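Below you'll find only one chain, the form deposited in one PDB entry, shown as structure tokens.
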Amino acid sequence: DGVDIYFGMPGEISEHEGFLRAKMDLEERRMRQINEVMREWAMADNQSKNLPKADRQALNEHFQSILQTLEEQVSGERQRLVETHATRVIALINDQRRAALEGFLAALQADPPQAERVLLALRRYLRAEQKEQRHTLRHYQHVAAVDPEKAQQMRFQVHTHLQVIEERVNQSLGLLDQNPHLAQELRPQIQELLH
């Protein structure tokens, strides 16, 4: 088992689908547990119809307490899951951007710089940055859609992060200025891209 944990999720399974799978398994698990408590609570009422008022209330508090704890388990478990997933998504985005950056840079530094390759590379880099930008916007748009008091406190951070991304992109494009002859032939190509 500790061995299964070491191996973890197969490489063929992305973080997104692994996350959903895990979330789904937990949903079904907890649903079964809850159904059990609710069924037990029902049976208890039935065999309690003939008892002292006090003992009835006691039965109620018993099941309501079992549910309180279960609700707290479900809430804590979900938070852990969302936590791990968010931290991994951010890491993958930075990793993909960094790898795209190196690719672009390698194409620009190839003895006879090849146009089509440098173009596909810069394209990949730009998409990597765009992914981070979309993620920033979407997460903010999402927090606004389900938690307004929290969205308000994100404004400035989002404002700042989006500018960071845009400056990074400009600085990266500057890597081209290093090869005027190259920057020339591609001037039109990249010009279309910017859009």
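Residue numbers count along the first chain shown, from 1. The term rigid core refers to the most C-alpha atoms you can superpose between the two forms while keeping them within 1.5 Å. Compared with the form deposited in another entry:
- Once the two forms are fitted on their rigid core, between the two forms the CA displacement reaches 2 Å or more only for 51 among 137, 51, 31, 144.
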The other form holds:
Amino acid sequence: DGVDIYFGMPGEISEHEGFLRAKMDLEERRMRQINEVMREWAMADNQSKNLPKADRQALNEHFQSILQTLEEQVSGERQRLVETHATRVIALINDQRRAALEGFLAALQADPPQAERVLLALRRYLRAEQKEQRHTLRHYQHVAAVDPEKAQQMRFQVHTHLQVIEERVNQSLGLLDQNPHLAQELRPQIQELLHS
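Requested next: the structure of the form deposited in another entry (the form deposited in one PDB entry having been shown above).
The following holds one chain only.
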């Protein structure tokens, strides 16, 4: 048990599919649990017809109470599943940006800087930043789609976050300006990258 948890999911399974599969497993599990309670409650109603009012009310309370507990478990469970997935999603996006940055840095500090290697490492970096931009836009778009009130609250935060991403791209590109010749050479192509 604790050992299976340690090994976690096999690398063959992506975070996304592993998340969906876990999500589906819980959906099916909760559906079963709910149906069992609903049936018990149905059987109880059939039997209870000829019992005192105070007893029928107590019986109703008993099942309503079991469902409420079940509702809270389904909700708490979904929330944990959601936070775990969102945490892993952002973590990987940060890791990819950082790894791409180290690569861009390496290509710029090569004994004799190769325009090709530098251009490719920069492309990778700029694509990592783009992914975070899209992640940021998509999250906000999502909240506005299902919860307008919360969307208005994060508005300024999104605007700022997007500027933070843009300044990083400018700061990272400034690393290329420390080499006028190289910069002038790749300018037209980089412009194409930043434009797309």
